[PDB]
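Structure incoming, see below.
All protein chains of the complex are present and in place, except for one that has been dropped.
Just so it is clear, A, B, C, D, E, F, G, H, I, J and K label the chains in written order, and each chain counts residues from 1 on its own.
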Amino acid sequence: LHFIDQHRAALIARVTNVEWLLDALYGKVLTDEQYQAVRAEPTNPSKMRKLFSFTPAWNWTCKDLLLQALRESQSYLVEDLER
Amino acid sequence: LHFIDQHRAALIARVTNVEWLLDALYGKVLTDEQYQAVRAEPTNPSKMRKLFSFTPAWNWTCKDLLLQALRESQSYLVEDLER
Amino acid sequence: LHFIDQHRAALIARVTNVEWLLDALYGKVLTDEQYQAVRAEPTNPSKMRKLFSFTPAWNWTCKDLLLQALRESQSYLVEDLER
Amino acid sequence: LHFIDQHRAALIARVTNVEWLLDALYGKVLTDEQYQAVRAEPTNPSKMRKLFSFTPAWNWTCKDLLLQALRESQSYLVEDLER
Amino acid sequence: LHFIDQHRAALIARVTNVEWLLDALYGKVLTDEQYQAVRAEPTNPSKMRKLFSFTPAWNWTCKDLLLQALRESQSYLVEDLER
Amino acid sequence: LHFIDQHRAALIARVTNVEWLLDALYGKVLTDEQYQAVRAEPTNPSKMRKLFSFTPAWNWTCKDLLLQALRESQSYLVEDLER
Amino acid sequence: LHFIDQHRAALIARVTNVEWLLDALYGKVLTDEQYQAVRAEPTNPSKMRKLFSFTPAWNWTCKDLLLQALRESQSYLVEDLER
Amino acid sequence: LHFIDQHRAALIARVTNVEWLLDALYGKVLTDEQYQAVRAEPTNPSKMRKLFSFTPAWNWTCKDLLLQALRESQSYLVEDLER
Amino acid sequence: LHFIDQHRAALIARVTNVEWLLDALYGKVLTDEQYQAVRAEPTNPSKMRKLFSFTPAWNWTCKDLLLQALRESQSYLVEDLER
Amino acid sequence: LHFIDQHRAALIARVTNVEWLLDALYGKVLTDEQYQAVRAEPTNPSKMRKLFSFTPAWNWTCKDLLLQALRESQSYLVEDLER
Amino acid sequence: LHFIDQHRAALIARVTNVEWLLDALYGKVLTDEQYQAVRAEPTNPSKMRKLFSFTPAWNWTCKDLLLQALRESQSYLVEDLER
Partner (left out) sequence: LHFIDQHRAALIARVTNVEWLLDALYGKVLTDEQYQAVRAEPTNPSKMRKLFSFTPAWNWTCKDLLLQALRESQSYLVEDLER
């Protein structure tokens, strides 16, 4: 939701489990070519910036899916960002 | 159809899968040179503006083809725009 | 032949063994610089689009060579596309 | 079949016998280079993701072969996923 | 502030962490299209010149935000330029 | 409104997001040919002068639309001009 | 020779190796500035039209050099055009 | 805590019991795939650098867990670093 | 000085670092609009001709600044022209 | 200091312990993203060139830090280069 | 010297060690921005053409430096070209 827009710069610089999020978003939010494009980036911040480059087309439901995936992956990161 | 004329400004700024639409429209609505010209643009809004520059010569059927490609590619963007 | 023009959009999105086709087409249909340019692309659809960008110069024999290479590489993809 | 497309995320994170599947699929579905590429990955999820990267070119028969190999190798994993 | 106007030539040629500054300025001083246009440039001086092309519209507060981002990113470059 | 006539010279020299304004005014205040004519200019001041050349035919509502587009695009430029 | 004048429209639309022809013609038929001007065009048809814009000043020998470069680069395109 | 950030370079080069720390952190700070990736490294400094690669997402509690595991495993190393 | 008026034709055809000179002369001899106009030219000779088009309004000091920038940028070109 | 600028080409081609230098420069001279970018390069000369790409922003103190790290890591290389 | 102008087309198409030449020419013939611009090209012929684009400003000494670097890098290419 609005969480990933409010904490965009911190999420790019601190998310370390990106392949899990990609697997969670594959098929329903991400097409195969976007998945490949994200996976082809060198480093974690590069992958996160590439993933954020697709967000303008998303509605609230896709962002909620990403937030739920983040909660399942890094529960401590979300609590740190909220706090 | 009239959908791409009513939501032109939002479609230019929010469509992120342009190569898929170009592949869908190739041969039927786009020629090879127009395809190359669109692909030569730097950013996604530039590509969308270049593609929209060809629309004055389209009839209802070509716009329907573009709308069907958009529904297949970004189903959430079309629903967000309609809603 | 006309097969690669009739199934262009499906071939860009589904071919996964591109280096084998590049090796097969090297020297007779592809020059060294075009080979390097195709290899420089990040993902498989990007490589396929780059390879297709050279096809306007080809005659029927070059397209037949590409089709034979595809049949030797992915026999199931060609049969799936034909059916 | 559609089983490996429905349970992709769970199959990536839970399959522990990848070499057996590779030997089962060698020659019929996987070429030698793809076999080497899959075997060159560090971890089991990396190998599974690399193997899944080749699936867009497969038809129903190749996926059925993979599912039969999975049933022969992990019979409890398939039953867990089905229920 | 006036600092980025006084040291424009040295800032174009010596800033090497541009993506961090772009993330810092995104959403407040830069729109999405301007962010994409800056990120589409080949080299660091090209990115810096593209970013400086937007400065005529900025007031003092935007330049202060850029200067604070620079201090957080390259503390040694700012001190070297001041000294 | 009269704002764009009072600050004409400063608006020509300082507006850096012209394509967004063109998209906002398209269809309602600008025709297609005028849109292309404005987009064909090399530099930002040239584009702004070309856009201003059409203003003698506008009423208060068109200028209000341009002002609202400016407020949405560069809120800091409008505040700097007013201050 | 007269070949490039009789097949001008098809040569503009089907030549895909333009940099090789430019390197072949450099120094003898093209000056440095003309080479830069041709190379600065976005797409292949644009490059070929820019190159053809210089031909009114050529004699038979320059066109023969261009035809020899074409045969060395694309033997199948020339054979297709002749056939 | 800040202890593992203050002594990062010394902890990379001197920790010799990495499997014990991995077992201590498994499930609560480390997922299965990250555990596998760390275990797949050749040497102890390589494993420690891979483990440190995941740290940017951690909060104070995760670092405290790592420090407590270090105290239980190497009491002499922590005392040597503190002095 | 008179050096750039004596060697105008050779300077137009041989200077290859134009953006550096533009940055050096920005603010002091060139305005923002003139900088944009020079930068918008396609090739290096076109950029140098556009830059030379502004020289009729320059005094000795501006030409001295340009000559000093040339010596800092291309020391071998100036020595070759003098020799 | 000016040592790493005087012996840049020899330092790129002869430094074999790059991870130690990266650990020594982490935090105070290198940010996390730059650290990852350097570590993501294939070979030692590639890593050295990537590290040198960040040097334009450094002052004398950062270069002195790098030189001291080099002295601690390779004492024979520095003595060979000086002699 | 005149060698690199006489064998320009063969040198663009056959030089495979470009980064060594760039390191050899850095700081004396190439500035940092030109080094970055050459380094940002995709393929070896693209890098060679980008490097050759800077040659109009060079005198005999710079070309001799490039020739000496080529002889040290590829001794067999120079001998093959000479014969």
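As a working rule, contacts are C-beta pairs under 8 Å (C-beta built on N, C-alpha and C of every residue); 3 or more make two chains touch, one makes a residue touch a chain.
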**Complete:** Per the whole complex, from K:34, K:36 or K:74 the residue touching the absent chain is K:74
**Sole contact to the chain not displayed, among D:16, D:36 or D:75** = D:36
**Asked** Tell me, which residues in subunit J touch the chain that this view leaves out?
**Response** 13, 42-45
**Residues of subunit K (touch criterion as defined above) contacting the omitted chain** = 13-17, 19-20, 73-74, 76-77, 79-80
**Complete:** Even though one chain is not shown, subunit D touches it at residues 32-33, 36-37, 40
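Here is the rule we go by: only the chains that are shown with their structure count from here on.
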**Message:** So the centre of each chain is just the mean of its C-alpha atoms; given that, what is the distance between subunit D and subunit E in Å?
**Reply:** 48
**Prompt:** What whole-Å value do you get for the distance between subunit J and subunit K if each is reduced to the mean of its CA atoms?
**Reply:** 26
**Fill in**
Touching at least 2 other chains, the residues of subunit H are 33, 53, 56
